[PDB]
Amino acid sequence: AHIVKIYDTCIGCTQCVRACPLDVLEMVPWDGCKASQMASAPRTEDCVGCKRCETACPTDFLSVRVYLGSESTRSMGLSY
Amino acid sequence: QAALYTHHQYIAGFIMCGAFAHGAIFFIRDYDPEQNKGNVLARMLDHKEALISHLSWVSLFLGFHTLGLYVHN
Amino acid sequence: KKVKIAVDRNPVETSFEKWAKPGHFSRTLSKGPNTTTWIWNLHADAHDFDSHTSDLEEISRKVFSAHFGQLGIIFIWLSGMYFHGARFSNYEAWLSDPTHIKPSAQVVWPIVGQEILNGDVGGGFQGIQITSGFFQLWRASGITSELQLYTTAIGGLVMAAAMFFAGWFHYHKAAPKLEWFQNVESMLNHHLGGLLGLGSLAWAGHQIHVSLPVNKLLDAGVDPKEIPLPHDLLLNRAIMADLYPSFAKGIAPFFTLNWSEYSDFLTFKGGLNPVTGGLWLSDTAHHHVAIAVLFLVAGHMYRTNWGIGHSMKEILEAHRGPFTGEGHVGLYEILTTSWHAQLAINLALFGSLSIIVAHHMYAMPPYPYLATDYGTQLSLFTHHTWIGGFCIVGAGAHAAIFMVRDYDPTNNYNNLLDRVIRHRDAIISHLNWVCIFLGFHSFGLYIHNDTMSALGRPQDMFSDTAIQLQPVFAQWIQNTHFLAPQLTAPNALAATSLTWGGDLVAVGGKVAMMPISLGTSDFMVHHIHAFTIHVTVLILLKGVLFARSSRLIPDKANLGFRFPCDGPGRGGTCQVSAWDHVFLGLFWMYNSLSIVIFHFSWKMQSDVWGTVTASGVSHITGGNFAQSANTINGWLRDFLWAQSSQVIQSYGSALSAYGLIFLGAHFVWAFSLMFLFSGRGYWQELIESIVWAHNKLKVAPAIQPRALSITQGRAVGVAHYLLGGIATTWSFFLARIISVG
Amino acid sequence: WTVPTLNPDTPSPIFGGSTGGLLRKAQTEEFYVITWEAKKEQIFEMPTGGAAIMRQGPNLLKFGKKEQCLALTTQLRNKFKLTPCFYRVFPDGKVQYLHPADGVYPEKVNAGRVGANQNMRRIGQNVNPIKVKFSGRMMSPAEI
Amino acid sequence: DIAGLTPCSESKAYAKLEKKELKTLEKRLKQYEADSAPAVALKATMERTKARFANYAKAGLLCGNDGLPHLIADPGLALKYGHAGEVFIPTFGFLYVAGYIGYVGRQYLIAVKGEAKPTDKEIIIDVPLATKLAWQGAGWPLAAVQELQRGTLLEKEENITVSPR
Amino acid sequence: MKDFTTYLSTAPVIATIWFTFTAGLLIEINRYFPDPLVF
Amino acid sequence: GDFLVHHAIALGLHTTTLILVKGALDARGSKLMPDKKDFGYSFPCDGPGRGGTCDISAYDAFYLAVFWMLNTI
Amino acid sequence: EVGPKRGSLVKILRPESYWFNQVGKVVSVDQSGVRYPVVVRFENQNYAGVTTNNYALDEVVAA
Ligand code: CLA
Ligand code: CLA
Ligand code: CLA
Ligand code: CLA
Ligand code: CLA
Ligand code: CLA
Ligand code: CLA
Ligand code: CLA
Ligand SMILES: CC1=C(/C=C/C(C)=C/C=C\C(C)=C\C=C\C=C(C)\C=C\C=C(C)\C=C\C2=C(C)CCCC2(C)C)C(C)(C)CCC1
Ligand code: SF4
Ligand code: SF4
Ligand code: SF4
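Residue numbers (the authors' numbering), protein chains in the order written: chain V, 2 to 81; chain D, 369 to 441; chain A, 11 to 751; chain P, 53 to 196; chain B, 63 to 227; chain E, 1 to 39; chain X, 516 to 588; chain W, 34 to 96.
Please note that the accuracy of each hint is not assured.
Claimed, not checked - With a Cα cut of at most 27 angstroms, we get these calculated DSS-like pairs of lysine-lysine:
id : chain 1 : residue 1 : chain 2 : residue 2
1  : W       : 38        : B       : 175
2  : W       : 44        : D       : 405
3  : E       : 2         : A       : 72
4  : A       : 323       : A       : 12
5  : B       : 183       : A       : 31
6  : B       : 179       : A       : 28
7  : B       : 74        : A       : 28
8  : A       : 183       : E       : 2
9  : B       : 120       : B       : 74
10 : A       : 706       : D       : 405
11 : B       : 194       : B       : 175
12 : A       : 31        : A       : 183
13 : A       : 279       : A       : 226
14 : B       : 179       : A       : 31
15 : V       : 35        : W       : 58
16 : B       : 175       : E       : 2
Don't read these hints as lab results, they were simulated from the structure.
Full structure from sequences and hints, please.
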């Protein structure tokens with residue numbers, strides 16, 4: 002499975018969660034930013050690695066990173 | 369003579385490309401900036417932009433002039 | 011329900027204010043540039059009218075005015091051709107000797123030693139030998155002096171000014187409404203009757219009154235100066251009566267249904283003119299008369315403002331069978347509201363028509379002294395073929411654009427389009443299998459022949475002497491067409507063309523047209539053509555059907571029509587957009603059309619074109635197509651290596667420019683390989699280092715330099731690939747056909 | 053809020069069928085089932101190709117992968133303003149609720165969610181690969 | 063002389079090549095009239111060829127075994143045997159024009175960088191400022207040397223962005 | 001007129017005029033001084 | 516002719532060296548990918564975000580350099 | 034009152050940032066104990082088209 006990591010530079014804009022096409026990320030309460038929210042990846046077994054979340058992240062540098070790992074039926078997005 | 373020269377030159381070119389590829393692999397997998405602090409190895413990365421820019425300038429000059437002289441002839 | 015002229019007065023004010031604000035048409039580009047990408051975007055979305063606004067009326071108005079601008083450009087180009095033929099050509103000298111003087115209409119200035127390009131074309135003239143065939147067309151129209159061409163050039167400039175004024179007037183002063191553009195019934199009625207029918211009738215009138223008598227006197231040996239002027243022929247009935255006795259009765263036999271009296275200038279001769287080598291102008295005039303009547307009849311089919319006529323919506327809705335569900339329901343609304351769907355249909359039929367034009371033009375030469383001009387014939391066939399293929403790829407592109415932007419599932423519940431998208435997997439899988447079968451059974455024959463020839467076993471090859479594959483269907487069709495004037499065409503004096511069979515027609519010692527025999531090599535190249543066309547269709551069809559969704563990316567329609575990818579996920583989703591399918595289809599179209607023009611050139615130079623001697627005909631290549639086109643080595647040695655001699659040793663002569671382009675075209679094509687095999691990440695980092703060097707010397711531009719986008723990189727690569735390859739073939743063909751033909 | 057239970061006897065939208073449906077993976081590995089409530093009969097676009105008609109009330113559909121179910125969920129939420137939910141079904145009959153996992157959509161923060169795969173540092177603070185070398189397998193410095 | 067070459071004024075292959083070019087031009091001219099446009103154009107080309115050969119021989123160029131002129135790029139040999147007009151003087155001429163263009167462009171960028179929207183001036187060229195800088199760029203070597211000596215030609219390392227190494 | 005001059009001051013128009021001027025100057029120099037090889 | 520072809524050889528050597536050296540120096544990172552060292556020596560790309568990152572790894576630099584090596588030889 | 038003054042120009046010291054060693058205008062500074070309270074706006078956009086970012090107190094210097 003791919004490795005999805007969230008960093009402390011996240012501003013809690015929830016743009017990465019809305020851009021995820023397989024429901025891998027979510028928002029959890031936090032205290033390190035004004036939005037009082039932080040991105041999380043509790044369902045990385047369903048991540049395909051499209052990196053749409055990185056495209057939707059506005060922080061410099063990115064707060065969410067996807068490292069392509071082992072490949073399975075779910076990570077390869079195979080319907081067969 | 370022709371086959372031997374061509375064979376050794378192609379082998380040499382492939383080996384040279386491999387040497388630089390392994391240098392890149394060394395930078396990613398084995399280079400430690402803490403251990404190589406201030407030495408020549410760290411200073412190479414310190415001014416890598418100058419090296420790449422000058423290589424680009426030399427290649428651009430050579431290509432522009434060699435191609436221009438050829439097309440002129 | 012009412013067809014009328016709906017126009018809004020002064021919608022856009024004519025001003026230069028927006029000329030100083032680039033990117034005003036786009037909301038994103040109106041902010042201004044920050045990076046170099048913006049500049050490219052400024053040109054990539056200039057004509058994307060549906061992307062600037064969602065108002066169909068504004069898009070239609072922009073399209074209509076853009077059409078006027080295009081017609082103005084075309085009129086300027088035509089006027090330039092007539093002006094060059096009237097001031098920098100040898101048309102008048104070529105008229106007195108069209109079999110020895112080479113047509114030329116371009117002269118270069120004596121600068122930097124380029125005057126060598128002004129070759130000795132004959133007639134006491136120095137210039138560049140043209141291959142557009144304007145000389146033959148002007149001779150067919152009855153033009154005998156440079157004054158007529160100059161007057162036509164001035165008229166073309168006037169027409170161009172009128173086209174530009176029409177575009178400005180229709181965009182800024184009187185802009186048509188949306189309901190005016192949606193009158194497909196009225197538009198089709200006018201285009202069928204008025205445009206096509208009236209144009210054919212007017213051209214038939216010109217041919218009957220100008221082309222036929224002038225060309226009859228020209229073929230009879232009369233000098234062009236002694237031939238009466240067209241107005242003199244149109245003013246008195248004595249000259250026309252002497253040349254055509256039926257003119258003595260006036261237009262009376264036409265109204266009394268005595269059309270048979272006009273058989274002197276309206277015939278069914280067929281074949282070709284033995285003096286000029288082209289089609290009989292009486293046959294072309296009669297052809298245009300019949301075409302005009304047929305199109306005028308066809309222009310009274312649709313309902314516009316009276317009870318009579320047809321409603322295309324009713325006709326489409328009435329066609330429904332048990333195997334297609336609803337049928338053509340919703341197709342009328344799709345074609346009356348989406349410009350991309352109409353562009354797809356029009357581009358497909360337009361490209362197919364251009365290819366048909368190329369075939370019919372080489373087979374039945376319609377202009378005098380056109381068949382013997384091998385350079386013009388080869389150039390015309392190749393040019394029209396390329397235009398047709400490009401238009402076909404564009405048709406696939408716009409079909410995909412319609413499917414991505416204008417498709418609506420609420421209007422396609424169980425129609426033909428809905429069912430096609432439902433079984434697109436079966437369609438693509440079967441087309442994939444037939445493509446693999448055709449590739450094996452077409453290319454494997456050549457590979458087998460190459461292997462057998464190299465192994466010293468010519469008896470095991472797929473040739474005429476060894477195991478043969480004769481095209482029995484094509485040969486039977488050829489025999490049927492050759493025997494048609496005796497049983498199935500009692501009124502036809504000869505066959506439509508000489509390619510079916512019979513005797514050869516030669517003009518000036520050169521074979522104008524002779525029968526074309528088909529053997530094993532022809533069978534193999536035809537299957538090669540079928541395979542290449544099938545693969546191009548497979549890529550374009552796959553890009554259209556899977557443009558909205560697929561098993562890999564279920565929400566492709568949300569990503570748009572032109573997007574680079576969807577990330578390296580799912581194993582890699584590089585080139586999933588329909589744009590990339592068009593990008594690959596361009597390469598396959600180039601491959602297909604290149605093999606097509608190669609086959610045409612070799613077949614014509616081997617079994618058709620050549621000189622005429624005493625009791626025998628000697629061809630250009632000596633008839634080596636039937637013996638060498640069955641192997642790849644034969645195409646590489648006897649066709650590519652042997653015929654490229656004329657372009658590589660052209661230096662120091664008038665064709666040296668071709669040789670230069672022959673080298674330049676090899677450069678551009680190779681240049682394409684830099685953009686097609688690389689990615690923008692490397693170039694962006696290299697640009698970062700160059701920007702560092704610029705920042706060091708305080709010469710860094712305010713507009714941040716960015717590497718070309720992924721889509722732009724693919725577009726640049728395919729553009730350079732097509733330009734280099736087509737220009738290479740163009741230089742090779744023109745140099746070879748001008749030096750030996 | 054409580055986790056819903058899949059109802060296999062749920063009407064499916066009016067669709068004539070297509071070639072982009074389920075394959076052998078649904079019968080041997082797993083498949084997905086999406087259910088939603090529609091206020092009226094409406095024509096929507098199937099993620100596998102074609103146009104279907106959702107009926108008034110409950111609607112059930114089957115897909116080969118989770119991406120198709122989420123694409124349909126996004127289409128139903130953004131266009132018809134509905135609230136769909138899907139499950140992963142195994143050949144043995146096991147049903148696993150997938151989205152929204154906690155009953156609330158992940159774009160909006162909800163109490164009770166425990167953060168996972170969160171690094172309390174930035175990207176620039178990641179160590180070099182040499183410190184991660186000779187591990188159990190190929191490991192990136194971000195994994196530690 | 064240099065590298066075993068011979069002057070073009072004494073090379074037999076040089077005169078042979080001139081005769082060959084004039085021969086093919088005369089052969090092409092033999093098919094036309096004596097007072098027509100192609101005849102006048104061919105005669106003009108022949109006169110240009112003769113003038114070019116005489117001018118190349120008068121310049122003192124060195125010809126090889128092929129009869130074609132050969133250029134000397136070494137400054138010592140060029141200045142010692144009178145070949146500075148081949149590669150030396152054109153070198154400095156190109157350096158002057160190239161530095162002229164570069165200096166004018168750099169001055170324009172520095173001038174428009176202190177405005178409200180420098181990118182707007184980069185896409186829409188300010189013709190009066192560009193013309194003034196183009197005319198003032200004649201003293202580019204002196205101005206460049208002065209800028210280099212004052213330390214204002216380069217930018218400090220702390221003001222230039224770099225990668226994270 | 002101000003907008004028209006601003007349009008003429010754009011990068012493509014300026015580049016076209018400048019390249020036409022430079023090309024014309026080089027062509028005229030080669031016309032009045034044919035075949036210049038050395039200084 | 517030897518002079519011109521020697522300059523062509525120099526152009527080939529300098530360009531191949533530029534691609535290889537640039538790929539080795541930018542292997543640990545660049546402005547487009549500040550954490551390239553965390554992805555290894557060979558990875559596909561970083562996705563279409565940030566303008567597009569096709570052929571951004573050092574492996575891709577060696578990849579593009581093999582063509583230049585073949586051209587030089 | 035903690036952090037740089039609003040509207041002032043600062044230099045970014047974050048190595049992985051696109052605007053490293055570049056000057057940006059200060060927009061606002063958060064008064065809580067957040068990790069990155071300084072908001073900096075830049076004239077040149079990055080590769081993602083963004084012109085603003087958040088930085089810590091020690092990641093920005095008055096330049
Ligand atoms: C003393 C020489 C030497 C040695 C010991 C190594 C050793 C290594 N290299 Mg390296 N390299 C070398 C030279 C060498 N290289 C040269 C000369 C080149 C230039 C071509 C390269 C370029 C290179 C790259 C780009 C990479 C490596 C990598 C690697 C590492 C593992 C990859 C591997 O070998 O898996 C197995 C290798 C293969 C299965 C090779 C595939 C088969 C090739 C393409 C040959 C195909 C020929 C074809 C079949 C001919 C048929 C023709 C006929 C049928 C008509 C490994 C430690 C990789 C690495 O470090 O991982 C991150 C890495 O990506 N090398
Ligand atoms: C014939 C094909 C071709 C050509 C011409 C080039 C040319 C170049 N490559 Mg390249 N390359 C190629 C194939 C080619 N490559 C392929 C197949 C690959 C593998 C994918 C690569 C991969 C590659 C890499 C990875 C790199 C290069 C680089 C370069 C540049 C080197 C600098 C130089 O020599 O300056 C001379 C410039 C030229 C030869 C360009 C031609 C100039 C034209 C002819 C003049 C303009 C014509 C006229 C005035 C205007 C016409 C325009 C018209 C529309 C009006 C150069 C532009 C390197 C680079 O960028 O250096 C900084 C770089 O890193 N190449
Ligand atoms: C001098 C008279 C004039 C003036 C002042 C205007 C002014 C305006 N027009 Mg207009 N127009 C005119 C004549 C004029 N037009 C004509 C003759 C036509 C018929 C073609 C049109 C059709 C037209 C349309 C359809 C539209 C406008 C629009 C506009 C507005 C902004 C676009 C613009 O001008 O940017 C400047 C654009 C250009 C300078 C591009 C010129 C391209 C020409 C036509 C083709 C050149 C072909 C080229 C030579 C061949 C390419 C080969 C290459 C190698 C050079 C603007 C207020 C647009 C608008 O209102 O936005 C909503 C709108 O879409 N015009
Ligand atoms: C007998 C009537 C008639 C004729 C001859 C034409 C002819 C033409 N139409 Mg048109 N059209 C008509 C009726 C007619 N239309 C009606 C009734 C409608 C409304 C339902 C339209 C709506 C329409 C649209 C939306 C478009 C056309 C277009 C075109 C041009 C296609 C370009 C081409 O390939 O042709 C060959 C080119 C030529 C033959 C050049 C010669 C042009 C001369 C001036 C003949 C044009 C006659 C036409 C009736 C104008 C006279 C009106 C008067 C006030 C000046 C063409 C010239 C396209 C276009 O706009 O092009 C600019 C296009 O987009 N037409
Ligand atoms: C669009 C096609 C076209 C056109 C324009 C013409 C035109 C012409 N044909 Mg023709 N023809 C055609 C097709 C055409 N033809 C075809 C297809 C055939 C094959 C069947 C023929 C076969 C044919 C024959 C056999 C003959 C002609 C003839 C003629 C000429 C005289 C017609 C006639 O007898 O009285 C027709 C009367 C009219 C058309 C009415 C004229 C209307 C005028 C112009 C109205 C002007 C009014 C205006 C207000 C005046 C005020 C002026 C102002 C300044 C104050 C004429 C110039 C004859 C000829 O040329 O003799 C040698 C002749 O013998 N044609
Ligand atoms: C009646 C013909 C026609 C028309 C009206 C259109 C119209 C349109 N096309 Mg389209 N297309 C066509 C034919 C046509 N196309 C054909 C024949 C092909 C196959 C090649 C395509 C393939 C195609 C693609 C893949 C795309 C479009 C797109 C578009 C839309 C955006 C405009 C645009 O392309 O940007 C502006 C136009 C340009 C920047 C022109 C580029 C200049 C080219 C590269 C020069 C060609 C070389 C030249 C001939 C040689 C010159 C020599 C040189 C040295 C100077 C627009 C509505 C785009 C779209 O829909 O957006 C989403 C899209 O991406 N078309
Ligand atoms: C794909 C094109 C193609 C074709 C049509 C052929 C055909 C042939 N090759 Mg050849 N060959 C090819 C490609 C091809 N080759 C290539 C690419 C190479 C280079 C690798 C060679 C190298 C080669 C060599 C070295 C030799 C041949 C030889 C032969 C001949 C005998 C081979 C044989 O008996 O095998 C047996 C064939 C089969 C067992 C299968 C037959 C296919 C059946 C009919 C398809 C069934 C489909 C059916 C309709 C489905 C029904 C569905 C339902 C109704 C039940 C034969 C005429 C031999 C020869 O010299 O000729 C005298 C020989 O020695 N070939
Ligand atoms: C770009 C690289 C380059 C290269 C490869 C050469 C190569 C050469 N230069 Mg040279 N030169 C260069 C740049 C270069 N130069 C530049 C930039 C200048 C301007 C300052 C000069 C100015 C110059 C002069 C004035 C002379 C040469 C000479 C020579 C030739 C022999 C001397 C030598 O090798 O030492 C390297 C060259 C120098 C260090 C310059 C000083 C000259 C030294 C001291 C040797 C002179 C002593 C004597 C003349 C040697 C010849 C003895 C006899 C045969 C007469 C040699 C082929 C000599 C020659 O052969 O005259 C025809 C000569 O006198 N060069
Ligand atoms: C004149 C002469 C002489 C001299 C010589 C000399 C002195 C020379 C040389 C030489 C040299 C001087 C050479 C060289 C070479 C080099 C090369 C071929 C290169 C490269 C590569 C590299 C360097 C790599 C690097 C790396 C990286 C990238 C990273 C880190 C690691 C490594 C290391 C891998 C004599 C008298 C003796 C004899 C006669 C002649
Ligand atoms: S890579 Fe794609 S699937 Fe994975 S977390 Fe990011 S957006 Fe979601
Ligand atoms: S897009 Fe980036 S900043 Fe926004 S919530 Fe996701 S990780 Fe945080
Ligand atoms: S290599 Fe380029 S096109 Fe392919 S997935 Fe990566 S960014 Fe997209």
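Hints, one by one, checked against the model:
1. 38(W) <-> 175(B): 25 angstroms, holds
2. 44(W) <-> 405(D): Holds: residue 44(W) and residue 405(D) sit about 25 angstroms apart, inside 27 angstroms.
3. 2(E) <-> 72(A): 26 angstroms, holds
4. 323(A) <-> 12(A): Within the cut-off at roughly 16 angstroms; holds.
5. 183(B) <-> 31(A): Within the cut-off at roughly 12 angstroms; holds.
6. 179(B) <-> 28(A): 18 angstroms, holds
7. 74(B) <-> 28(A): 67 angstroms, violated
8. 183(A) <-> 2(E): 23 angstroms, holds
9. 120(B) <-> 74(B): At roughly 16 angstroms apart (the allowed maximum being 27 angstroms), residue 74(B) and residue 120(B) satisfy the hint.
10. 706(A) <-> 405(D): With Cα atoms ~25 angstroms apart, residue 706(A) and residue 405(D) stay inside 27 angstroms; holds.
11. 194(B) <-> 175(B): Given that 27 angstroms is the threshold and the Cα spacing comes to 17 angstroms, the pair holds.
12. 31(A) <-> 183(A): 22 angstroms, holds
13. 279(A) <-> 226(A): At roughly 15 angstroms apart (the allowed maximum being 27 angstroms), residue 226(A) and residue 279(A) satisfy the hint.
14. 179(B) <-> 31(A): 14 angstroms, holds
15. 35(V) <-> 58(W): 20 angstroms, holds
16. 175(B) <-> 2(E): 23 angstroms, holds
In this structure, only the earlier hint numbered 7 is contradicted, and the remaining ones agree with it.
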